Amino acid sequence: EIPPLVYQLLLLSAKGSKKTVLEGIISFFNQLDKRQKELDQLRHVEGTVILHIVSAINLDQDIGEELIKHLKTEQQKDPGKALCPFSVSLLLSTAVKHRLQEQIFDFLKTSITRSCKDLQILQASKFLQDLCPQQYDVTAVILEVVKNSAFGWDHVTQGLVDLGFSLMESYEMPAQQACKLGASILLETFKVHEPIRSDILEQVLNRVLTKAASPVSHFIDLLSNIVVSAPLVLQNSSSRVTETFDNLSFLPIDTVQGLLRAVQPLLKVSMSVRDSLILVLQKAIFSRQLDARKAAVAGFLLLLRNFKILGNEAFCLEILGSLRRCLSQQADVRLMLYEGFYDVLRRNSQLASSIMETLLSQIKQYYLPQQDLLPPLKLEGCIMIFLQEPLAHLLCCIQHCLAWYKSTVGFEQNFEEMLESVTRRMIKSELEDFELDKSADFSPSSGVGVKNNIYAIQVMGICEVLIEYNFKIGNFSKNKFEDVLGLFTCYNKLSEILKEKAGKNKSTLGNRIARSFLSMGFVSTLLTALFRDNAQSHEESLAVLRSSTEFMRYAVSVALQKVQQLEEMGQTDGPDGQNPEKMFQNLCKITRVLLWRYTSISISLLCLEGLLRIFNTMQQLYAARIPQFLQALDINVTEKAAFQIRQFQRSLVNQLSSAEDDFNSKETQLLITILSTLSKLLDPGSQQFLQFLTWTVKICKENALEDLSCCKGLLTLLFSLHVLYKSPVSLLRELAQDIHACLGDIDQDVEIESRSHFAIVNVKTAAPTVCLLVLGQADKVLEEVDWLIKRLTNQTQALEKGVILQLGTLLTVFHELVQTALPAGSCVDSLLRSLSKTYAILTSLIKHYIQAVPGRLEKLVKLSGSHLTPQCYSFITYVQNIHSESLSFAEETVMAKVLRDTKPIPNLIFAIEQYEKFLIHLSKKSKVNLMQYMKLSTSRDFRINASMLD
Amino acid sequence: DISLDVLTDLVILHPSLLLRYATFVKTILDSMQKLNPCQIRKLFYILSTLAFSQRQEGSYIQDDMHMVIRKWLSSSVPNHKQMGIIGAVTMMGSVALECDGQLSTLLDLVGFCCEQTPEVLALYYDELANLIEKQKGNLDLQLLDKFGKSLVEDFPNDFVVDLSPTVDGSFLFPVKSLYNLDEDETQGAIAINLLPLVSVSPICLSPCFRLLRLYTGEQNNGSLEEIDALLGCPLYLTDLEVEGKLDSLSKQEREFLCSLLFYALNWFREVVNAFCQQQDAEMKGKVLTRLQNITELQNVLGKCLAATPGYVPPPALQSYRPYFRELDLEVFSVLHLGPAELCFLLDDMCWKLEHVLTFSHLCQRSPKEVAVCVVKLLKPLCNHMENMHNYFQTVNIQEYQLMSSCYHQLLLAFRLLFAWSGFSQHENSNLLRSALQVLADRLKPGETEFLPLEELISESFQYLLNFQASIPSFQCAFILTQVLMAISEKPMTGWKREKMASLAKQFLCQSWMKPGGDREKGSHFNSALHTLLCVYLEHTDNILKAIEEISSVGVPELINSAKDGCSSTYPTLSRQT
DNA sequence: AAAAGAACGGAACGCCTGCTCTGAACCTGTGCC
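Protein chains in written order, with the deposited numbering: chain B, 209 to 246, 263 to 396, 415 to 553, 582 to 654, 660 to 684, 700 to 891, 905 to 937, 948 to 1106, 1121 to 1179, 1187 to 1226, 1241 to 1298; chain A, 493 to 589, 607 to 708, 727 to 843, 917 to 936, 959 to 980, 1000 to 1036, 1049 to 1230.
The set of hints was computed from the structure by calculation and includes no laboratory data. Worth double-checking, as some hints may not be accurate.
Claimed, not checked - Result set (BS3-like, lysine-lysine): computed pairs, CA atoms no more than 27 Å apart in a straight line:
| hint | chain 1 | residue 1 | chain 2 | residue 2 |
| --- | --- | --- | --- | --- |
| 1 | B | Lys1174 | B | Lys305 |
| 2 | A | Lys526 | B | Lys296 |
| 3 | A | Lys534 | A | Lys655 |
| 4 | A | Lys655 | B | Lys223 |
| 5 | A | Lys526 | B | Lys226 |
| 6 | B | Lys223 | A | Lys526 |
| 7 | A | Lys655 | B | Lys321 |
| 8 | B | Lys227 | A | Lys573 |
Unchecked claim - Some chain B residues judged to face chain A by a derived CB distance under 8 Å, without partners named:
| hint | residue |
| --- | --- |
| 9 | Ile281 |
| 10 | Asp286 |
| 11 | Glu290 |
Unchecked claim - Negatives, chain B to chain A, calculated, CB over 12 Å:
| hint | residue |
| --- | --- |
| 12 | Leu283 |
| 13 | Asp284 |
| 14 | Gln285 |
| 15 | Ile287 |
| 16 | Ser335 |
| 17 | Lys341 |
| 18 | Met654 |
| 19 | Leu721 |
| 20 | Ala730 |
| 21 | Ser733 |
| 22 | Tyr925 |
| 23 | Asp1156 |
| 24 | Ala1244 |
| 25 | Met1282 |
For each residue, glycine too, the CB sits at the ideal point set by N, CA and C.
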């Protein structure tokens, strides 16, 4: 009924007109889908009609050319509208026609990029949402399209897969959003479009090995998702399991590990794949070079856990020695097996014995047993220039494997004796016993120096491992603690004075020390014993440990490096480091002692860093796991978060109210940053949001953060809350009064009262300390204004009223600064940079309205002429005096400085007249004389003083 | 256009390789309703003749094309319907390098579909004329006869008028044999009954004489045998002075007489086309008389064309230029003397020069052929040029303005000839040297004998500089100095730059006024003076010195002395200018 | 009269510097050492 009728209508349009009939039938389908949403026969009818229309368009491609222009015009008019499922389905269907699909794809990419940018802008500023509630999301409609076209359509699946293939490459922030959208639509169409599953898998496998140089992390992510959704898809896609290893050992950036983990079920259900990878293993491990041999050993280590350890065992008995055959390799290559052996050790018993025996042989290769003699560690073995046998990682692997072996239940007797002897040997030794006796022994860029430098790096790394092992052995054992405490005395003996070598760079690598070697569980437990570990069960070993003040400092400093490793990278060293759920529990336990120790009342300054980094991690890593932490912090998310702020506000006000003698500005800066980092996740409409604002403005307007970063840091905080809630132009106007009261006016003949509305700003804070930040907001305030003005290019009356209020109020602000004597730094430059920017935004709204008189606009112009222009030009005359006086400091080739010091001045004039020239254009076209309020554009001349040259 | 042009080479190299996808290609071409007429010709050229060429398996495309034209020759979509007959012309052209059956079937279908269509025999005959004009040379005599022998049935049956003086009927005006036959009583029957033909399509007759010229060009060397008694035909129209009563017309006969005249001058163009090149008994003389007749007829037309407020004449001053027989240069066999006739002839050639060197007939040849066409008879050009020079040495306003305009138009011709950017390409530098050889031999006693390029440059420079003495209008001075730039090198040498400075300063110091006073200050005058000043100041020796002298002597004298006139040292400079 | 035409009037993304914030052990001065 409907399909033949609309086919006849399309034939009529081919004979007649197509400008409006197309849009009419899109609208008909749109309301049909809307009424049917709250229909399989209707969906089949829709499939038939789209098939008919796409065949007709393919027959006459030029007929559909008007669709591109029509949709572009609609998108220019409608802010994100007209991108209905019908329209996008028609667009993708003709893309399969292969005619002009590139331009359609480019238009789609531009539209989605604009859509995600607009979504981010609206999310990051509610002030635009109130005046622009037309939040149109292309992602929502395109993801609903998957379900809409999941009823056996002619070419919807092909269009969607082509769209996703273009999307994934377009992704390469907006790029991350595009990649996420493409991956989601591919997953949805794989879970929906059954008959294209094999073709999709083959195509993505062809693409998966398509960017060797470029990152393909999104590719492996999507492949893993589709494989875990359909485990047997690649089984039906056979003859590719062998093929996928063509150039796998070229660029391991964790891509190889991800590929192996994604395909692991296939290997465990596909013996041919296992055999082929075994065959490739011989070539990979025997590669004489070391450029890419790391990927091979990493993949083999992962495979060891990939295959089950139930108990053919002959498979394992064969593959045990494969990696050991490459043990004599480069130190960097030898590194990864030590870190990775523990993971596979929890999957077998006999394999554990074999690995322990091999590691025993390796450690005995360097042990050098003796009694009451030189340090057993033959540090000179790895001296040569470079090193080929890391020791700290090996010892950490030794202790972890020993712990797991003991827990699961003579090499183990040899292990404990060797561990006990070397620990006893270390305490029964000193720097004199080691090769490094004197402080002036080794120097950087010296053959003896770098050798001793490597030795120093190794030995203190060894000390950390023995610290961890004895703690597990010494369950409330004072003798083991005495060995532990004495061992640390050797550790810092190398440090402090001869730390690393010396390191004159005033930098603190790894929080304070090089990369630690402590399992996260141990350091978590050590602090709990070290802090809050009060009980009669302890034998004063904690107390003497507490006596070692440097042990306190080192106790948390390692964890601070550890969390920073998890802060930047998504993983960390130590057992269970890359397991997030295991790490999350560790993250829950550690934070309590760090916070409590600070509240006990330097050392506490460390805990401030530790907390500030732990929040910044989980808010950026454990997005879904926040409720678990909040439950462990002890859906009232805002209640407890505000409670912690209250405990922190008391410390700050007490510190801020105290005299400058006891200031510790480093803590105060941290006290402010933690507020900002903890203010990110308050309730958007919470009362505590308003309550926190009411307190901070009181403190800012009352207290005087004379410290540089303290004033800057606190002012940064208040705006982050005062952006998503309101506009700050009232505050900026108020602050502009104080700086105007702080100094003298440009006119040099007018005085002002104290008018100290805010105590944060004072005479000593007249620097860019404040007048650069507020101008940054002035940059942001105008930055978002352009977005709506561009959109502005029924409620438009409200749109124009709001802009003229913010711009008009901001216009008064600039008038206040422009009469003051701004500091001669870059703040003079930046003021002229935004002043040039401000006039430009004044244009595009007027430039828009040309294509459309109100007196409200005139009153803004009247205020603009009266309070801005003559002052600005007079302010320009001020700059001449300032630069001339400032240029006297020329050590008592100034060509470079003079040009820069006056570079914004010409472009200030040009931005004045380009607005003026179009404002001239408006006046004639608008039939109104707007120039009576304003003033003739003044200009300046010069004169060379010939007499002064003598 | 480039895609079709390369497709020509692709089908030429491997016809089977192209016709492999030729099914889809032809389906797309037929389906695509949007196609430029030139693109229509390009596609149909092979789309209609692939079967005749590739006789093995090409019959499918030919059958599809014949079916679609049969459904569209009588179809209700005249827009692009003539594309079918265009493809027919392409088919005969391919056959004009058996197949007669397909052409006969197509012609029968066209005739059936155009039984009563007015613009059917018109456009069909236009297509045949284009055929033989462009690519009909290799056409067999039998094929050409079968295509276009309907002249013996159409022309003498109802379009060949009778020479008897008994013409009478319900005509708006009486029939008078304007421009009667030169040979009285030799062939009385030689006349054309125009008024009976209008009141048998008057629109259709104008593009016919071309076709009989084309027939006699293949059935004989010349047109004398077929049109011996018809070359000197008069026109059956009202009295020539009858146009004087334009007010007396009042559309009672004004429109009818306007159509009469409009068909008349186009018929004169047709006969001058068909019976010009051949030399026979008074053939070239009668051609000259026809030229004088058409000039006088157009002059008479001008009056009623101004009197007629609006018109929509059928194409088969300058505003009516599109609705005219755009006669090519093939008529110029007697180029080597009515000054008005010269003005009109070189006005006809000037527009073509401005278009091709900067509407199907002039576009049919490349500029390489334009060069040979223009150099075919450069000798009469220089002869008339020196005649006008001698007249100006001797020096009626009604004649003086005529010579002035002819002068200007001739210099326009040489400037748009030699300022051609195609001379930058050296693909025909020998042709340029040969073209300049006649001018070089005209300056010197002659016998260039492979003259040197620099010698030719200097000789042509001096020869064209000879005209720098006497010049009637400033626009002529502009075009003279610009053609003098055009022949010489782009960057002038020192001697030529000094000559440029001297001549341009002399022209600046010259005084220009129309024959009846009335200084020639106008609009084109402004651009002409702009170009003069640009080239002079560019080619001066001391540019700063020259501008200082101008702004320090010429302007002050104008501001001080001149009230409504020019400046004393620079009569070209004016307050308005 | 103040209308076109197209030659005149005009716009966007890309670039690494000459930039200023940041950096660093110092060397000075003076109550302490």
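Checked hints:
no., hint, verdict
1, B:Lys1174 to B:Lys305, "holds, 25 Å"
2, A:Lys526 to B:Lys296, "holds, 24 Å"
3, A:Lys534 to A:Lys655, "holds, 24 Å"
4, A:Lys655 to B:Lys223, "violated, 38 Å"
5, A:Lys526 to B:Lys226, "holds, 16 Å"
6, B:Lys223 to A:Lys526, "holds, 13 Å"
7, A:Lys655 to B:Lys321, "violated, 47 Å"
8, B:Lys227 to A:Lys573, "holds, 26 Å"
9, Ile281, "violated, 12 Å"
10, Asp286, "holds, 6 Å"
11, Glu290, "violated, 13 Å"
12, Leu283, "violated, 6 Å"
13, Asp284, "violated, 6 Å"
14, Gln285, "violated, 9 Å"
15, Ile287, "violated, 9 Å"
16, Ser335, "holds, 28 Å"
17, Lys341, "holds, 38 Å"
18, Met654, "holds, 69 Å"
19, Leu721, "holds, 84 Å"
20, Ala730, "holds, 77 Å"
21, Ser733, "holds, 71 Å"
22, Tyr925, "holds, 59 Å"
23, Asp1156, "holds, 41 Å"
24, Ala1244, "holds, 34 Å"
25, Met1282, "holds, 37 Å"
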